[PDB]
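Next up: just one chain, as structure tokens, the form deposited in one PDB entry.
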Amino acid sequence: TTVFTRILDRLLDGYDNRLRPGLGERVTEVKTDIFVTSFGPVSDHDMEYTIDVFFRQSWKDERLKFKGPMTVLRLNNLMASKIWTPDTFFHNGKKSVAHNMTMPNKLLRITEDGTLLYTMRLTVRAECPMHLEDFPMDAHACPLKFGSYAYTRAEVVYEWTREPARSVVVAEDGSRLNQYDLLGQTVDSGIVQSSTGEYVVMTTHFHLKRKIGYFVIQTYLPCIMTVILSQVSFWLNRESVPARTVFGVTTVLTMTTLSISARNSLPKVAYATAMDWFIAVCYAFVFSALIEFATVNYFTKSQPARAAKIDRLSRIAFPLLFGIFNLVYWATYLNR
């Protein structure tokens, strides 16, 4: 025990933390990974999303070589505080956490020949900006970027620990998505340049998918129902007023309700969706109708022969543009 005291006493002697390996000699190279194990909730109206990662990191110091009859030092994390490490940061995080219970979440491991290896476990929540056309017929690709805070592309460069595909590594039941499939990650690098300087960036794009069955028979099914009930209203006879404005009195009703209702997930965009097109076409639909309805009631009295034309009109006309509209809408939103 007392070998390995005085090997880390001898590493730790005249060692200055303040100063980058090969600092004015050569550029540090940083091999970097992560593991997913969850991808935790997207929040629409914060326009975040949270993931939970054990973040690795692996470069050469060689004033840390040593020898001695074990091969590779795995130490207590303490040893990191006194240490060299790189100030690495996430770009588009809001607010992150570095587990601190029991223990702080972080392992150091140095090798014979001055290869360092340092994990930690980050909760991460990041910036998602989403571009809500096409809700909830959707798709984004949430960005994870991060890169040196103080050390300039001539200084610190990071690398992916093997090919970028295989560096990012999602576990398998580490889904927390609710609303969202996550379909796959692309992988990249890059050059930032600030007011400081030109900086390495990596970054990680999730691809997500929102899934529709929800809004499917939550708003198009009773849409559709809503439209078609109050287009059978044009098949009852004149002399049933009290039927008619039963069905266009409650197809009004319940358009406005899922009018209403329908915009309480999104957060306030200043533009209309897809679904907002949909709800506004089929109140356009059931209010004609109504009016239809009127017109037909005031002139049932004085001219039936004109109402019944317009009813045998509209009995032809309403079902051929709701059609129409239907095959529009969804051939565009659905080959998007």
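We call the rigid core whatever largest set of C-alpha positions still superposes within 1.5 Å between the two forms. Positions refer to the first chain, counted from 1. Compared with the form deposited in another entry:
Lining up the core between these two forms shows that one residue from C128, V156, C223, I110 moves its Cα 2 Å or more, and that residue is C223. Once the rigid core is used as the reference frame, the Cα position of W235 differs between these two forms by 2 Å or more. Comparing the forms between these two forms, the C-alpha position of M255 differs by 2 angstroms or more, with the core used for superposition.
Taking the rigid core as fixed, one finds a CA shift for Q179 smaller than 2 Å between these two forms.
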The other form holds:
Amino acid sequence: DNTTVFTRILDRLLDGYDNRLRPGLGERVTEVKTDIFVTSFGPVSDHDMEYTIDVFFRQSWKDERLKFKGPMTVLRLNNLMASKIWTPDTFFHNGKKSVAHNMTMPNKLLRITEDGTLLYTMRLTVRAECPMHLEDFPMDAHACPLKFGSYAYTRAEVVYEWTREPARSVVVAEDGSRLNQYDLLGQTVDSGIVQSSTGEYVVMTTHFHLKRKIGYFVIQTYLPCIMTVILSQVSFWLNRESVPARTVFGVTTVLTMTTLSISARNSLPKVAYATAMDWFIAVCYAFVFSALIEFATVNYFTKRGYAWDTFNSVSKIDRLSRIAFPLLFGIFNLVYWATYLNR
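Given the form deposited in one PDB entry above, I would also like to look at the protein as it appears in the form deposited in another entry.
Lone chain follows.
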């Protein structure tokens, strides 16, 4: 009676239990109550269009074949009782590769109350698809979804609901946010009905709204482009005669523009359209190429081969370009930074 009291109870519940059958098969849906405690929103891979999430996926349903009367109201059992009873086969619709953690013992728990209410919490690391639209890259915001539902049981057999209020059913941990470049604004849940070839299922949708931070692309791509187009714009301030001094201002700036375009394109998946960074790079490339062809136009108009401390003179094209180029680039910068920063 010291230990066999609970043993006899656990033998009484598991006797006559067909684990292949859902509770209330030909009588009622098996109401399943679900909530997610997100411990750590992991890193988001832009290249693979996927994100990683670490959860404490909780489920709760009502099996009346597990009722008991005894000295303890709630039986907290280990993982071995979970394999010997019915469990819902919930799978993630947009999941790519999710690993249930087994160190040191399968991260599961099972709590059976005396009225038949169960609670089956699993710890999962889910890699899910996040379809991205990188048209306003990098000043873009995504809504990464997480769709889960039953695989074998239709709408008439198993339905899903949130065990708390839907605003407070997906809880994100405070210190746990492994996001590097994005920023988690907030969660958003949804419950719909999907229709497939095998039948009609119940799907639960959770959207995570992410906003990309701008500091890395400003400090790595935008500001080097601004500095090199400023560097190509000081070409007009030198002497008209110094052709070998001013040809490197064309050549090296064009080479840095091309390799900056390559380095900026090599940090994002190979999409078929052009981002806002591509438009900024193209306009800056047009400016540095315009500087080079203006110098070529000056060199065509440059007579003689000496310098006056003698009528080589400063070019009027040069004098107009010194005012025309940085003002036009500032106008483009104002238009570009006012168009995309308020969307």
